[PDB]
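Shown here is one chain on its own, the form deposited in one PDB entry, set out as structure tokens.
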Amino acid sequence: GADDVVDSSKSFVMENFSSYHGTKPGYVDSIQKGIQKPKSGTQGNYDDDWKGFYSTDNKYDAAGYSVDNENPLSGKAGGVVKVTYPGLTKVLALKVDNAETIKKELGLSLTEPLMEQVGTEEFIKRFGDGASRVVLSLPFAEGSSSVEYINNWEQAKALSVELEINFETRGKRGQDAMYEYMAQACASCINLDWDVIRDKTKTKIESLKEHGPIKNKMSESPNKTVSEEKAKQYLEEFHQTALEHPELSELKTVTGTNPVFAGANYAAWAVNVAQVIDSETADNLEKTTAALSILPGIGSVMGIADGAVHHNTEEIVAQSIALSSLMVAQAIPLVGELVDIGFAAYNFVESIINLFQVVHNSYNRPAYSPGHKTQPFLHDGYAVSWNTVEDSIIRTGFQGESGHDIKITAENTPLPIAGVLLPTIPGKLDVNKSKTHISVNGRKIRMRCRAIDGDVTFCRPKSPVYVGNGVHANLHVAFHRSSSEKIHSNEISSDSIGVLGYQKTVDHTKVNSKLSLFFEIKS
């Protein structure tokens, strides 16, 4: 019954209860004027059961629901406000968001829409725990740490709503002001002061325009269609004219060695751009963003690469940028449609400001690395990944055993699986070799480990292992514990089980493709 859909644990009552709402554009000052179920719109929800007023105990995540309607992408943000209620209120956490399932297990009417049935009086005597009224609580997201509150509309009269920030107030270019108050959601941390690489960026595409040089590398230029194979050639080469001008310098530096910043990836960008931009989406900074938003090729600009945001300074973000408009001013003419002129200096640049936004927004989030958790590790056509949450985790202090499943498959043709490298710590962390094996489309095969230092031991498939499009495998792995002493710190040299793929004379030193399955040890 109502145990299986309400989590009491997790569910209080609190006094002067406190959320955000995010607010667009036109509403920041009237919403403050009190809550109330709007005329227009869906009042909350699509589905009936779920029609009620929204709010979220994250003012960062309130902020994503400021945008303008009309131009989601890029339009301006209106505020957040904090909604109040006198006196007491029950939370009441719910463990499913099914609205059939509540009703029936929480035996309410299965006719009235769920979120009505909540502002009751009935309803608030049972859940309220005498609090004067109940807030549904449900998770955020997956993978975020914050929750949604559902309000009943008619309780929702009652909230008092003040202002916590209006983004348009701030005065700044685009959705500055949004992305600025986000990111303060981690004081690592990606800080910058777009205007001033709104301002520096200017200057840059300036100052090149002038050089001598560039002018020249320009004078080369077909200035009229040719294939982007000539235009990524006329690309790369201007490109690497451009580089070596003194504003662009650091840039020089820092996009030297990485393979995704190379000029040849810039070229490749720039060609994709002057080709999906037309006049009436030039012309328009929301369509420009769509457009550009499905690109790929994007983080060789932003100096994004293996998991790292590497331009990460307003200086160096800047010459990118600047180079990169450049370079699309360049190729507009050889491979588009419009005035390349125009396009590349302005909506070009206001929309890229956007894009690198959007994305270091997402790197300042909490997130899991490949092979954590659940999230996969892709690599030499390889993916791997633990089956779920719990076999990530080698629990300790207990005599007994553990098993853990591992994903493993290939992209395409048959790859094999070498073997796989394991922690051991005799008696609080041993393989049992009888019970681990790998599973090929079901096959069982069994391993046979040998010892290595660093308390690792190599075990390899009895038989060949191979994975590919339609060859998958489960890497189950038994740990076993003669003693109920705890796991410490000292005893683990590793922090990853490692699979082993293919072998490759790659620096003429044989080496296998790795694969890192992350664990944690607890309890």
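Numbering follows the first chain given and starts at 1. Compared with the form deposited in another entry:
Two rigid parts rotate between the two forms; their hinge, judged among 435, 117, 153, 373, coincides with 373.
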Contents of the next structure:
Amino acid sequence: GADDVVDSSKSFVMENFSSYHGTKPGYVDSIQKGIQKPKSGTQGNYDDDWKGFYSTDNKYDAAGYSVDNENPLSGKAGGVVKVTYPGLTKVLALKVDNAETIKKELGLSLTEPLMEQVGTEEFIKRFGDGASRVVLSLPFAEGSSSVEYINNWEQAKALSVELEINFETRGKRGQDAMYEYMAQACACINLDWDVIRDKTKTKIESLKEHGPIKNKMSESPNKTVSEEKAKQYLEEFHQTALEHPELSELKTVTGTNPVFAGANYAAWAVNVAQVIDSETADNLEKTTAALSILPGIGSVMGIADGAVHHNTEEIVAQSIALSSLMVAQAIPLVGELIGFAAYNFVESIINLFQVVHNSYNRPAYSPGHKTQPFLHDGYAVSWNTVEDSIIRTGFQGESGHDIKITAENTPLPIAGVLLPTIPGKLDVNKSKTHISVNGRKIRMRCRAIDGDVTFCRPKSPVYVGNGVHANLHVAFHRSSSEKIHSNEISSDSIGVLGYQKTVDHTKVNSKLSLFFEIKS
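Having seen the form deposited in one PDB entry, I'd like the form deposited in another entry now, please.
Just the single chain follows, nothing else.
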């Protein structure tokens, strides 16, 4: 019955029920003319049961859906709109997010999509408590206290749409306006990136005119040399530059934590020059993709031991300037590309600071592993609960699986995840599969790869560390009644891909695996 799948304590009828929707560039104006199902696309979900218009009670979470899907890491953010139903609306809160279970327990048709039925007159009379329409609600994410609203497409035409914020109107660089907005949530780190950009140029220029530095420059091989030679020279360059007036604050703090040492700045610069080729250097989105999967970014951001130490514009600018200068020195030694170092390197790395600062500005998601974790390259991954490790052979409709992901200290990236499938019968719901980082829900882009495996990459950069923890939520969809056998699946693990490293003179991603148990 209804009390099997409805949370009455979270269900209610409200007048002028409002919620928020994150909107992409190109749509902030047009969406205010009305909510309408797009002619094509997933129209809200991979799964027909879940097709509808999606909103949330939290405008900062809505903002997290506003970035240009063609350029999800570095692209422009559109805005947030507030959608309001006139009259009375029933919010129907669900205790499960399994459509088959919900259709069974609410005595619905098992052969019509759930969200379609939600907008029928019969459903609304049965479950509306007098309201003009029903909206379903679900918890937004692990690590979040926000709510997700799922609106029937035809009923959603009744919505009135107002502007909450248009990020582009602010006329700021990169994703700055979006991240300043999100920081209001907290207050907290809320730096002025315009000031940091200018301080960084002023410091760069300052350093290039420094006697001992440009003399140090003169000593560079200025040619392809080994990684060892390159790192050695760069450590020396760092020592030299750190003595400079404009980096005085940086020098003081530098001895204070091993994370901030020159060796680490040099390793970073080396790694950057190694992965940025001409095509990549010429494209901010590609640059950010490449930088986002490197290890060691905690050194330049001054993040260690659960805290953000580089928490002023001045010291962030000092750190960014020094790293930029070092990247320029490394490119001839090991890279192969002029101007990337003070432009796209700086714009890309600013975006990643913004991401990690936004995570530290959020409450730390449930830090302890609740099952014994798998430990590798500084990461720790565990099944959230034993049940998450089991694929029930007779499951109906869909199944969700939670995996906790942490890292021991500095921020370490999650490049993607490797999910097992079964030819037809068991597929990844690419809409409901996501990663939540201290409650920030990050959508994924998923594609098939060899061996009945689907690879999903987060839309926005994922980092975990001390104080920044994630939940990987895998949503499987059953696309066939035909039963699943315990020996039918080609892959029996979920893979987690970490930072890029070199093995056998080749770039590979750190890999961690958790194994599923298939049983009745």
